[PDB]
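As a starting point, one isolated chain is supplied in structure tokens, in the form deposited in one PDB entry.
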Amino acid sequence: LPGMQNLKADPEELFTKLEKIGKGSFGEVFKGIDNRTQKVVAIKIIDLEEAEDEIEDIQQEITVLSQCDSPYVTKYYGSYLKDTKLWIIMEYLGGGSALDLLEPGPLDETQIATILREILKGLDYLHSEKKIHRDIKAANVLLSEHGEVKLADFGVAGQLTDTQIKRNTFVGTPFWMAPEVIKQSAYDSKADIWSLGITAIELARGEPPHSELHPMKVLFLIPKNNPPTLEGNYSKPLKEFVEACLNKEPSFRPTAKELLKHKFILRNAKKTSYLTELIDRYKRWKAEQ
């Protein structure tokens, strides 16, 4: 396990575990304070006794995280054992997920473009490292209190090599999964680009396509239907960004690097600092109730 700490280190001493902020890839996630620096962190806690077929996946997740050095990937600080519980210390992103920031109401196209541009920067980094996220969706897109946008939850992240230029494993969240991943055909990083497209619709409309239906229906709906399109009063460049991602033929989908030059992004995206308005809005909203 990369970043595994000295097992004599007691994380209950080194860290103040605060409120739960979410349920994660495995186990729960908490807000916490690093007791040495007084920096806030995120703590993922997993019971190893309450495992197992997950520990390979937990190894794999932590391995992948430890191999990423990008402003666009959640930082991983190390892991601690406390009796049966694994404490995974993560970068704390105080804005929550893009999905949280949607709860007060719709995004405008500038905010959508900005968030998509930053996701594309993350996807470009990952894909350049032959890594595939495979669970891109709004809930896995996090923001710092400054409005920086980062990719999270590498629970099902894949790795490509010289040997394996392609993967076949059935992973992801159904609504966001690419048809070729659902069919377990040979696939690569283009799968993430399909997921990005679904996420673009999610960011624009609040939900992915087929969100009313039972997840098992999409197992045939997605491979046999025409891809979703963004329906509603949204700009033509936003609709074409979505369609460019959502092609059933993976070689017809652009790369992350290409989509960064897409007209929707260029014409509408602004500096990420402006996303603070979106976090302030969430605050005010969450005040009431």
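Positions refer to the first chain, counted from 1. If you superpose the two forms and keep the largest set of C-alpha atoms that fall within 1.5 Å, you have the rigid core. Compared with the form deposited in another entry:
- Here the rigid core is superposed between the two forms, and of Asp53, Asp69, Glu249, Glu49 the C-alpha of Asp53 is the only one to shift by 2 Å or more.
- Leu266: CA moves less than 2 Å between the two forms after rigid-core fitting.
- In the core-superposed comparison between the two forms, the C-alpha atom of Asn226 has shifted by less than 2 angstroms.
- Once the rigid core is used as the reference frame, the Cα position of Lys20 differs between the two forms by 2 Å or more.
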Given for the second form:
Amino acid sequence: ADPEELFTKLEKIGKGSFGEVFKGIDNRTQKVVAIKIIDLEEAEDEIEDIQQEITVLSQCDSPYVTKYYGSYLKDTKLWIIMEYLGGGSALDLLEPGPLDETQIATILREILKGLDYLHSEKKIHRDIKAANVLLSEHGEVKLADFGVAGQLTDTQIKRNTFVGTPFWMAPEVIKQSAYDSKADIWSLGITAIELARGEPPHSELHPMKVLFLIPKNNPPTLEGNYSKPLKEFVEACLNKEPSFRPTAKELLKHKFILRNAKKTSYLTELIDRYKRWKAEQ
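Show the other one: the form deposited in another entry, since we just had the form deposited in one PDB entry.
This part shows the chain on its own.
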């Protein structure tokens, strides 16, 4: 199985902490794919995380989670084949300017369907933030970046690992207590603020400072010119006690969602705005 023979790299579309991501195509069947290529010698440090990402990805089967088309090994390089999402991340789409509440609600609804799927599979994402929410060019919204996702089982009904991105981390995760899927609900509340304001609470502070602030301080609220149901949606998520947070399933029925969420195809307006912006940068 030679991925240099099976796939054609068309353009580089991303560079993360390790490896490189390419826009590619299956030379058989001509489906366009995202290809994450990692040098396993250069990232021997991360092989455990890479293994987990691939494992979780292979076990997911949902229109709200980035599809996985397998991994290929060429010499020391691992080729991870995924669904290609060329619309940009929700964070990318914030670059040109603010979202309206119709866009915020539509994006949050789709993130919620993704979380409801994961949580029904007893999986916890643990790194929900707008950068890890990816859109297709025609506005479909999917969860990405499963490198630190956790699996609950019948025996392991809670997780304890300190993991995530600090601005978005739930207080119970930070204070490595036993936690479950409600940790993602906190992160969603922070992401809702991020979608509304362009950045999470404490964004200007040092990450290590935030790590003691999040357990100590009052939970964040959304202030300013936002509808009260949006402010209430945020408040519902950002409860320091995880058992008082609603499930993703309940949140799908929240008034801010029901009132403001529209068809995902309307998000092409946002995707075009990003393309216009990018062309004049």
